[PDB]
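Given as structure tokens, the chain that follows is alone and in the form deposited in one PDB entry.
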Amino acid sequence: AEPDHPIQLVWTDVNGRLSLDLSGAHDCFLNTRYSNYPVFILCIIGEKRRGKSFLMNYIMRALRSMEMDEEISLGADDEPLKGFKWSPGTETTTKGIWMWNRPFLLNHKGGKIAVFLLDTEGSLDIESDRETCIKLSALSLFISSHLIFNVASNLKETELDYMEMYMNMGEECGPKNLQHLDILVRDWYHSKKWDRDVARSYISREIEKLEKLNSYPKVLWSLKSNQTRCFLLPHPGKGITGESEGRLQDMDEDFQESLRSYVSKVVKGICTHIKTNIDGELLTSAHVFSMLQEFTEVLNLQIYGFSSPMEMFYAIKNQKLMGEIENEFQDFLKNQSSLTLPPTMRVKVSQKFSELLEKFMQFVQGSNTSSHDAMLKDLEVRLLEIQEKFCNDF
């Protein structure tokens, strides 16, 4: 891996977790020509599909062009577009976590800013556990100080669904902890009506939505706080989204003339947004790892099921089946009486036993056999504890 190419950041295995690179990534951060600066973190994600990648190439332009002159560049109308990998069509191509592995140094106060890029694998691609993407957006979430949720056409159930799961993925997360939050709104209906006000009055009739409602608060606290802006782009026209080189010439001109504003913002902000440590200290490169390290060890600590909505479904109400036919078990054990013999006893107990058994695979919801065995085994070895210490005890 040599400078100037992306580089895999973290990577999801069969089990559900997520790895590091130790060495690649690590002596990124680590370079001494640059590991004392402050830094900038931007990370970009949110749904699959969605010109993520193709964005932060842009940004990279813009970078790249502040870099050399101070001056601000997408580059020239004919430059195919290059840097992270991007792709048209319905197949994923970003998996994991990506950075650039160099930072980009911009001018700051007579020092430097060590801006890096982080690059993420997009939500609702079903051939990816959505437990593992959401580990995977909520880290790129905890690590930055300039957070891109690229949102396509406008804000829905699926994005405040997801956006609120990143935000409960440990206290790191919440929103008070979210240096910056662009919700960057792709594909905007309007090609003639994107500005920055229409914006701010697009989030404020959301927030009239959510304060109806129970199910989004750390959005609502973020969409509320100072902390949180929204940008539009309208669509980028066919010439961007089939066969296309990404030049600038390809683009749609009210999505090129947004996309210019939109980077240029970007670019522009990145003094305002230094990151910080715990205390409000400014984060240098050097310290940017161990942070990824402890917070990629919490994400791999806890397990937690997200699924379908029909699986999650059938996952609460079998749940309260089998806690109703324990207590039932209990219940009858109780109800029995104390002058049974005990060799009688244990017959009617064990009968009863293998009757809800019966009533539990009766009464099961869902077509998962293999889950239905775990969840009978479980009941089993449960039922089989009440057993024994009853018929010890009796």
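Just so we're on the same page, rigid core means the largest C-alpha set that superposes within 1.5 Å between forms. Positions refer to the first chain, counted from 1. First, how it differs from the form deposited in another entry.
- Looking at 115, 288, 99, 178 after a core superposition between the two forms, you find that only 178 has a C-alpha shift of 2 Å or more.
- If you fit the rigid core between the two forms, you'll see the Cα of residue 262 move by less than 2 angstroms.
- Remark: with the core as the superposition reference, the CA shift of residue 37 between the two forms stays below 2 Å.
- In this overlay on the rigid core, residue 151 has a C-alpha that sits less than 2 Å away from its partner position between the two forms.
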Given for the second form:
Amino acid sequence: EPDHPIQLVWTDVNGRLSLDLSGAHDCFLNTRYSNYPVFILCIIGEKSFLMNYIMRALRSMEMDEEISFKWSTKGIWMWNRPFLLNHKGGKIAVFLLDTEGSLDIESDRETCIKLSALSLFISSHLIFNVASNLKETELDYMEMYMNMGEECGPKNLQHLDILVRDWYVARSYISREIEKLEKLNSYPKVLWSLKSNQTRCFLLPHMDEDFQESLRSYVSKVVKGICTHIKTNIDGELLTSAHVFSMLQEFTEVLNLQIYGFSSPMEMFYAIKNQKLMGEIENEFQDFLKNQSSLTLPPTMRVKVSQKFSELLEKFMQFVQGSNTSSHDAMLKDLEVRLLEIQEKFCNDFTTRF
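Other form of same protein, the form deposited in another entry, not the form deposited in one PDB entry:
The following holds one chain only.
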């Protein structure tokens, strides 16, 4: 079939994330490039011009030519074939990803956050389209993305480009946003990113030729820096499309299992870490109970299990992340119900057996 965009992920009627497994398999586990170092360019927010220029520039570098089969929706879409760019004596497989979603509509916000989080999780580089100054919801997506690099290798940096489509000077723009963020005292990683030039801002004029040339200039700049921003995984191997297929499956499951309320991307991110912490506590309780002797005096056993139980609820509140207390309360209550099940099983076994 002629190469075309494929919808990788969408949301079903229940807000669950659904993955085209067979489709993603075909793209990512192709025996030609699946062990080539991979690069996932992702576009988010709100284009056809930008996307088509990126493909035209990529297809030129692929055929060893010089930079100077089109792109058409509420999901994650990918161009089903990668562009193989020369690097070392090998190749880099560039996949092109587009996150279609609302940014500010309050309907289906949890699902919008989930789709976007998934794209950001697997991206090597983010192109974020904004209209004028950065709004809070955009900045929160940006902070989530900045946090997704802190768990993907040691010297991993998260690269973000901001395409401001309707500002009215890119110097005054970035300086302005740095000032607003400095007073707000929130979004510390975006602030740091803006000050370290890891986040770049590009201002696009609205007339055709000035927009055309600015897009061309920007697209040339990001395809040229692709080969030097290869991500490495936790192990230290360069990211490959096989790895990306695995990450996509696993983080889709993590997102569908994040069953606690959240109103913002950072809250969804902290909810994911807090659920993990819950499981580290329950496992820690199970281990503690397994190491207790069957010879222990039943009274001394009851007190030790009770105090350990209490200490673990304290530990959940000490290491819980984020500031949504309503969510922490729901999770502690569920942790308490789970710990009491482990306790009831161990204790009821212990009393009747011994």
